[PDB]
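Peer 1: Each chain, written out:
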Amino acid sequence: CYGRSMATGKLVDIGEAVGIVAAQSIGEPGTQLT
Amino acid sequence: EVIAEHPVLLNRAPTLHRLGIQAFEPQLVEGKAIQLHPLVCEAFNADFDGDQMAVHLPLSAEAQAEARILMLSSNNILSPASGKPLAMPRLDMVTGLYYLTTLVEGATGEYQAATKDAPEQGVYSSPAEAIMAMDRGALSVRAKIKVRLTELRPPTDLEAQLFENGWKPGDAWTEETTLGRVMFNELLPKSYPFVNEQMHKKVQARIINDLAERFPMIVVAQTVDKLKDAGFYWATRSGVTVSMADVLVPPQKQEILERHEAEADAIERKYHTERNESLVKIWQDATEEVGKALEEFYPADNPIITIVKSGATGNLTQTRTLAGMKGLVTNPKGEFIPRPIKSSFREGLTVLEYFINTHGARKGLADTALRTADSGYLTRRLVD
Amino acid sequence: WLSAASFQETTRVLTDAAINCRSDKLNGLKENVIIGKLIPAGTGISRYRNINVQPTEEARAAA
Amino acid sequence: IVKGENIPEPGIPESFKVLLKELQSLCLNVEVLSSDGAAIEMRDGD
Amino acid sequence: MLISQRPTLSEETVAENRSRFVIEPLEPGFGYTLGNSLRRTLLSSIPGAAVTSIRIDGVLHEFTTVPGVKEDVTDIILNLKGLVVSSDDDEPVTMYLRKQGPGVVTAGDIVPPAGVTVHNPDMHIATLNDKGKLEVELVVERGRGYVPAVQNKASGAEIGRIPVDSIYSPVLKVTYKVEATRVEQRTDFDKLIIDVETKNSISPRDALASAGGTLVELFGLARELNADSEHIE
Amino acid sequence: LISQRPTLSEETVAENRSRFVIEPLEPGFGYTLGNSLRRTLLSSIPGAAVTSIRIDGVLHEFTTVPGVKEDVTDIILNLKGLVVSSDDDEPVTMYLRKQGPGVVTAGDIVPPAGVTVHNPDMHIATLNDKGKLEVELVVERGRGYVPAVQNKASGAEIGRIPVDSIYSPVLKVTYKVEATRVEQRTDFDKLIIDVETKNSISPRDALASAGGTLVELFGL
Amino acid sequence: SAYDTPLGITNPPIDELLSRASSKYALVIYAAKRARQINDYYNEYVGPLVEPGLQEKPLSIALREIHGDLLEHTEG
Amino acid sequence: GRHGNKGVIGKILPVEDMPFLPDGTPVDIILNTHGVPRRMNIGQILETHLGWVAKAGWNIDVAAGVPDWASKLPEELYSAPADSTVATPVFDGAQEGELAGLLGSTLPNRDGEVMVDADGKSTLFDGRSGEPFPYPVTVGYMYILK
Amino acid sequence: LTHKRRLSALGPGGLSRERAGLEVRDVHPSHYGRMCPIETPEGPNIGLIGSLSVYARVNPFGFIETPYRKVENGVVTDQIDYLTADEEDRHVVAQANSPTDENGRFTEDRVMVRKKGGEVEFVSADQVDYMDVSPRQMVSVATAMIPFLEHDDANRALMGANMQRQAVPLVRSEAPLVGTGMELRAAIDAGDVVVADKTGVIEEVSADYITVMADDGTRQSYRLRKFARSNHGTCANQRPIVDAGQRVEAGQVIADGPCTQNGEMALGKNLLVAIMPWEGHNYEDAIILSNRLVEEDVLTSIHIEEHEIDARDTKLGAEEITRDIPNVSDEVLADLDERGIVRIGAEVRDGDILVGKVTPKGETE
RNA sequence: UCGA
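Residue numbers (the UniProt record's numbering), protein chains in the order written: chain Y, 977 to 1010; chain U, 489 to 759, 766 to 878; chain H, 1221 to 1283; chain V, 1097 to 1142; chain X, 1 to 233; chain L, 2 to 221; chain R, 24 to 66, 74 to 106; chain P, 878 to 1023; chain B, 440 to 804.
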């Protein structure tokens, strides 16, 4: 259901914790917002 | 002896994403400083202006294994958010490669068709012969000559016409490309088809994105490694150097100034919120006109344009303030100021223009300190 | 309840948990981080960490 | 490391024991219990 | 004076045409000092024979191609450039290549005059279409380095003469690089990796020895001034 | 091939520096050959420099000597400009003693047997009626640049003051190439080199030291 | 076949090691637990499978064992 | 520097292999070109050109009528010896027209040859490779702080 | 010097750093000639800390005053008045930079000015009263020391001014080849240099002190600080610039300070710089140096450090400082005198014993 | 209180 692992370019492994990855994916660019 | 194949973890605070921590193989180096790979800088967001980094040493076998497989630098070349390659040639490597792939009209050794008693004479036998012609003053890297290639791979569609049975494992062929585009295609793996393009950071992102998907990770690690060596090598030869002479001023501004300032001076007769807006809307076009006229004035070979036009660094708006005019600058409140900055950093700013410039410059610098604080609070809520 | 205690409003989270006599199953990873356990993710999943490794008899014969 | 042996299995961070004792000072009865049976003691008290 | 220790030279062979050589250790930063001089010496300093011009029968004012062969004039030009031939003449020697009818021409089809020899008889010069004829005259002369196409007006006056870019030195390709090796407590001593690809005229080992011989004799004129003291072997 | 044995003919401009020219050379050989000698000149020419110094009144470098205008650090920064030449491999010590008012120069040092000072005009220190300067310096043999060798790693005692030792006779070296001729006509690349010494040795001795240096290095 | 003979810590490549196990995490416990065994051999007890280096970290030995299909593992 | 340019020392090359003028005089610091345009501090280039202008002596021909570039020119500054100190007050400084005209000046490097053109760029020689760099580069004397 | 002229809003009777809003940090139009808008910290303290301007001075009530040249009827006057805020708005301020005829007056028909807004305005000589004494009235000492300041953005200018106070005294400090004339004045007013207060002739010169013989007969002497440890660890060493038989004048420099050359502020060196990318070794702000700077010490600096320990009466006895350290190899104490301290002039390394001491213990067990 |  999730999808392809963005870093791997392949399917998501059974161990990936995507909540923290998504939180960092949204939070890191937050310095560029106005 | 103990350092051998014993990984270490490097950290650069603040750590925004997981790529802020990466594993490396240590190399004993003299001095008290740390040597960091130039490609991983985009991940750490680490400037070389004096940044400090931390090192941690894994101990148990499980820890060492997680550093070699999971956290190795070569293993993660892609941003685990958007998917775009995070470690790719940037800055010097961009302009370094953008210089090689470019083809200059009428360069030295340019190939021309055969006419009457003169054969073609422009082509070369092998790429190794092109080097012999380059060392001597005959051949130029940016020339339009065509060569016969054996080991390199031709484009797919053009490959099937030259060869019906298969690819060119050891079989020769010919095409018309600049020598810089031939040497660039030597860095890529043999299986990849010819590109024949001038390297832009957007295009180089399309190619690296294509290698990560098609080829193995190791092949991508070595290809990006070979790209940074050529990007740095030809960055020195790029002829890109800053001087007061290369930066220049377009004349059209004074006319636009004559036009705007005087046609806005005619607006002063009517003189309220729209009056200033009428001058702002008018002065807003003067900045665009100067930048548009500046882009037309500057030749392509000049270094400042080659930068930011190849995607290495910078933007056109920054060059709009350097030469021409910096334009209107906001006041303490969100309201624009009708009086623009007519001077350019090249021509120098008047005493008064500097005072009103710090109004917006400091307010934006105070915003930088605040935005990083609220984003960190937002990130902790997302994680939890 | 200790994951919310470590997050925000520690005082309010604690009084509510103690009044309800709450019990924390120590499921999430933030709990395992605080107690020094293996987080239930990545290599810490109940499957990976229990992997058994043995050399194949065919390969052991070579030695 | 000095003996060349393997790294042993980790224990409980000391700050966590301090955390339990701090909670007990607030008059909050805290117990770490096994899945089966009843609670256990990190030390003299828990 | 000077005293140094343990410069060495080793040989790793990639193929018959190219091999790798290493020198360890070099006192910093001698690796970069003499590296580019070796590359320059191997490329342009070694004598060899090549073809300075050719003349194919039947082609005079033609822009390109030729009747009776699938090879265009250009492809044959660079097909003939890859001809590895060593001559003892030191003066221009004229050769001749002739054939007719259906077939494919090789390097062994040409009759080499006494004193010159072709080392690649299996090389592909061209292919002759059915009911076609091909005759070509060649000019082979010795030289050093790489001299491009030359217009001397003697080639320009002759209606047919076609000068070709001459590849003289048998060494085709040479690259180098330096690294850092710790000989003792002193760190970052220089090593020199040099790669050389040549052709059957001479081997890479003999090309290196010849290149080193011309260099030592090239710096010999400066040493003759005093001979006070120099870095030890 | 064309047969011309490349011949080198020396020139002179001043006593410290003298030009040199080599002809003929194949095209493109002037740049790399002139640099191969330049780098060797700027590096391996031996010295002929001073290692450590010793002064009776000072136990370290950060104190001032009474009656003199400079300090020990500033005096050592002035002593770095010394150009000395020694024929002895083993170390030797010179001596300098100057009392009363005046200006101590580089000629006031009494050199041992076999050593000399090539710039007596160098300014060291200026003293007055109360000023007295007694200093001995150790001249050694070497090449290139070596930093100060600390006495803790050596066997020296507290008094000896290590100093950065620079062994090099050569000062400024450059070159230029004239391919000349024309596009055709077997254009010969010839290089005209400019070598300058500090008076420790003549430009011929240096170019011979550099020339003979790589002669033994090249091998196969 | 585009390796260019990788040098250290990257050898063997991860891709050829990933075909030998479920995921990258399964590969970690795979090689890690074997490194525990090899170091126990020098003091489960079953030698090295591949000819070891002069002095080779037990983990690097275990990775080369997995590379040649010399080991078996079962997930829990 | 004094303009806000900052950076650590990535390496120190021996004096033998370093970009050097035809003088044989090696340079001292090598600054990355990519950092100048983006940071919006161009004054460092100005003091780098002026730094070279003041280092070597400079003499204005002036002829009979004087160059118009000097109409608002500096007073009695036309001449100046080698290694001269110059002062550029903040908002009463050396302007752009004067800098270009000041680049034309005396450059006797031990001999008659001048080492910097009117555009402020010189042809450097790579000491490591032994061949000159393909394009002219900007050289000069800047003021840096530890 | 910059520290002494600093203006900070935080403190007792003032706002806290978190309590301070963004309204104070923005430069006010009343900061012209009073507080320097460029110079300030880049950390959490932006806008709160500032540097007092050059020509400004404080009132008895505490309101900053700025000098101005009164101009009446379109003719600049020799009169100068110090105006402060409210009084500055009641007048229009001419631009310091304006055309000036030989005899003196407003040469151009239309002239610049700044009104009570403050808002810039283009008026005629009729309505002008006050005029700036000169440019740089606003920028402070550190800011005024940057050549070509008008060509740099306020951001990098703020970094350049802040990093100037972050420099370090070198062994031989040489004045800037190209630089504004502020280095001369700012150097003698910092107090770290030596100034002659009476015209006369130098009687004696030495590294320890210098003596001057005034023309009135008196004899003054000045002791030179020699390798004194600065509060932050730098060296304050001073050197005499005068010859024994020379002649000085009131206010003339005598001995240079930690960072000075012949009476001007020398914060660094003049280096030959070629601007080009060099084989990746200078990448993204990195810099490469010539080894000459190491051999010639041009960038070398001296750093002094102070260590301290005390012998205190303890509960179980008295602490004794001596060479009697209980457990050590006699080889490690070789550099100590009888008292047990380290010997002057001796070398050391991390782990060495600077001062031996002892404390009683019990019970041993 | 300063450095990124």
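Possibly wrong hints are sitting among the right ones.
To be verified - From the derived model, a few chain L residues whose C-beta atoms are all more than 10 Å from chain B:
hint: 1; residue: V22
hint: 2; residue: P112
hint: 3; residue: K133
Stated by the list, open to error - To give a feel for the contact side, a few chain P residues facing chain U, derived at Cβ under 10 Å:
hint: 4; residue: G884
hint: 5; residue: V885
hint: 6; residue: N909
hint: 7; residue: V913
hint: 8; residue: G920
hint: 9; residue: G934
hint: 10; residue: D960
hint: 11; residue: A964
hint: 12; residue: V967
hint: 13; residue: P985
hint: 14; residue: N986
hint: 15; residue: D1003
hint: 16; residue: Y1012
hint: 17; residue: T1015
hint: 18; residue: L1022
hint: 19; residue: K1023
No lab work stands behind these hints, which were simulated from the structure alone. No residue lacks a Cβ here, since even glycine has one placed at the ideal position from N, Cα and C.
Peer 1: Next step is simple, just say for each hint if it's right about the structure.
Peer 2: Results for each hint:
no., hint, result
1, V22, "holds, 28 Å"
2, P112, "holds, 24 Å"
3, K133, "holds, 12 Å"
4, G884, "holds, 5 Å"
5, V885, "holds, 6 Å"
6, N909, "holds, 7 Å"
7, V913, "holds, 4 Å"
8, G920, "holds, 9 Å"
9, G934, "violated, 21 Å"
10, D960, "violated, 22 Å"
11, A964, "violated, 17 Å"
12, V967, "holds, 9 Å"
13, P985, "violated, 23 Å"
14, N986, "violated, 20 Å"
15, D1003, "holds, 9 Å"
16, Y1012, "holds, 3 Å"
17, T1015, "holds, 4 Å"
18, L1022, "violated, 13 Å"
19, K1023, "violated, 13 Å"
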